[PDB]
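Coming up is one lone chain in structure tokens, specifically the form deposited in one PDB entry.
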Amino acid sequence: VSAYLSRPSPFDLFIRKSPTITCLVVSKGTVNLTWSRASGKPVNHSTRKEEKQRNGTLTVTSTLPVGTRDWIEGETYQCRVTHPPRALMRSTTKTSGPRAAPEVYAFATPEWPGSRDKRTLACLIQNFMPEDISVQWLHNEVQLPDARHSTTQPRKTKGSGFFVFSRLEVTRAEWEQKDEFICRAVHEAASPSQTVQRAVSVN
């Protein structure tokens, strides 16, 4: 039995404003999962979901809604796991360290022979701290689904900042209907509104 405690994505924190943290908690007595926060304030209505999957293992995850203002002042949220000798606990909180806003760069790949109806849009986001970064792709002023793009895990630059790449394949029908795509980065150091953007097109 092992457990993990997630952080709120910058997208959930500053765009949706409805951030949440989820206690993963990956068998005779059902396992109880409760929440606590360092300030002593009450825990919101935490919704717990039990999943019977898959290879002879049980998954019980609890999602706890948190407040965006609370997370900024350094509120520590702790999750505890009890079974019918000792309990396991994970604690999540705002990352420490300096803040650095991201630089955002967008590029389009040239036409590749045989694949004329598809293109690849690449977004470089770099020199930001801390590493927590959300990426969304906008087309027609409407955000594209998340499954459409792929973002690499943050990695350290030669400086103290982190960088991330985002890759998005687009179809001809899309860029011909409107040849403009926006790669948006959500980071708490971005000012104002925690957003840095760049537009790209396919020629």
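Residue numbers count along the first chain shown, from 1. So that the term is clear: the rigid core is the largest set of C-alpha atoms that superpose within 1.5 Å between two forms. Compared with the form deposited in another entry:
- Only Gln53, out of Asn140, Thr152, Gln53, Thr157, shows a C-alpha shift of 2 Å or more between these two forms on alignment of the rigid core.
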Contents of the next structure:
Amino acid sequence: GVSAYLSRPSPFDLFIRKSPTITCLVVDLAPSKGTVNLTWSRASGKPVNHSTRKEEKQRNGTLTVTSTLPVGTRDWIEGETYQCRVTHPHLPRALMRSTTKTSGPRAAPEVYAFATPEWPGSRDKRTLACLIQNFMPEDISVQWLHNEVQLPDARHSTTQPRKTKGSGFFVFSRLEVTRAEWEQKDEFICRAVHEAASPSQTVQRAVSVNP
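With the form deposited in one PDB entry done, generate the form deposited in another entry in the same format.
All you get below is the one chain by itself.
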């Protein structure tokens, strides 16, 4: 009952933070006293950096162990492959997960943003929506911005990338805003970080609550 996952860097970490990382997440549903070990290796054999390891036992009694390995921006876009080999004493066979740069057609995102009308009960709250469509590959980062201030990721929910009925991928983003926020400044910006958006890897769109 052990699972392991390896992710590509987020476009935000790679282009905005300029510090890409990959994370090996291991989720043990029923943990024994043995300690999980996560080892890193590159396909070329060139040396891995020093990873960071995190450990948390959740309320349902499961253990989540993560290892975050810094990668090189050069090595990632030039196609290096990284593997994470997981060994635990009570696991009969090792689990290995790999990751590498995305492949296939490359399309820049299209961004549109909307604002819901004033519901009588929602006098002091409004819902803003963002449509990000027709991009490839599927990896993308979504951000909400107000008064030149990044809003926390917890304030909006972004759907998982889905293949369009036509061409590309599309995500949606839902964000609630308060009357105090739009009265201070009635301008909210939805920003997408995506590799295929040239030249700056960002596309954005603004929306106002008041017409």
